[PDB]
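Enquirer: Below are the chains, spelled out letter by letter.
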Amino acid sequence: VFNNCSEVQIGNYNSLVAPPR
Amino acid sequence: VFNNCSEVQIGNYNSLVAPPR
Amino acid sequence: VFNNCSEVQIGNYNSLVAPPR
Amino acid sequence: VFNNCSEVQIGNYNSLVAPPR
Amino acid sequence: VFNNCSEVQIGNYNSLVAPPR
Numbered sequence: 001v002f003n004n005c006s007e008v009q010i011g012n013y014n015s016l017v018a019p020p021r
Numbered sequence: 001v002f003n004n005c006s007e008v009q010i011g012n013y014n015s016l017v018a019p020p021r
Numbered sequence: 001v002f003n004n005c006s007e008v009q010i011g012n013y014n015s016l017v018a019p020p021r
Numbered sequence: 001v002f003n004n005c006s007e008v009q010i011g012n013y014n015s016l017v018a019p020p021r
Numbered sequence: 001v002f003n004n005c006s007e008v009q010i011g012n013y014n015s016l017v018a019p020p021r
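Residue numbers (the entry's author numbering), protein chains in the order written: chain B, 1 to 21; chain A, 1 to 21; chain C, 1 to 21; chain D, 1 to 21; chain E, 1 to 21.
Among the hints, erroneous ones may be present.
Ranges between beta-carbon positions, derived for each pair [what the hints assert, rightly or not]:
1) D:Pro-20 / A:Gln-9: 24 to 32 Å
2) D:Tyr-13 / A:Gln-9: 18 to 26 Å
3) E:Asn-4 / A:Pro-20: 33 to 41 Å
4) B:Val-1 / D:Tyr-13: 16 to 24 Å
5) E:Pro-19 / A:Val-17: 19 to 27 Å
Since the hints were derived computationally from the structure, they do not count as laboratory data.
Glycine residues also receive a C-beta, built at the ideal position from the N, C-alpha and C atoms.
Make the full structure from the sequences, and use the hints.
Expert: Rendered as structure tokens:
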């Protein structure tokens, strides 16, 4: 688990739902 | 678990819901 | 699990749903 | 599991649904 | 599992559905 730059996400079972229109 | 730049998130089972319109 | 640049995501069972129109 | 450039994703059983129109 | 350039994805059973019109 290592992040150098921005906009990075680490995590198991990390669900993500985008914004519906 | 290491974060260098900004906009970084680390965590297991970290669910995320975007803003619905 | 190593991220160098931005816009990178690591995680097993990490489902992702895009924003429906 | 190694990512160098951006726009990279590593994770088993990582389903992805595109945004329907 | 090694990614050098961008737009790369590694993961078994990683289903992907394109956006229907």
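Enquirer: Hint says 19 to 27 Å; check whether the CB-CB distance for E:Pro-19 and A:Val-17 agrees.
Expert: holds, 20 Å
Enquirer: Check the following: the C-beta atoms of E:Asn-4 and A:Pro-20 are separated by a distance inside 33 to 41 Å.
Expert: holds, 37 Å
Enquirer: If I claimed the Cβ atoms of D:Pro-20 and A:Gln-9 lie 24 to 32 Å apart, would that claim hold in this structure?
Expert: holds, 27 Å
Enquirer: Quick one: are D:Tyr-13 and A:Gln-9 within 18 to 26 Å, going by C-beta?
Expert: holds, 20 Å
Enquirer: With respect to the beta-carbon atoms only, verify the hint that B:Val-1 and D:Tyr-13 lie 16 to 24 Å apart.
Expert: holds, 18 Å
No hint from the list above goes unmet by this structure.
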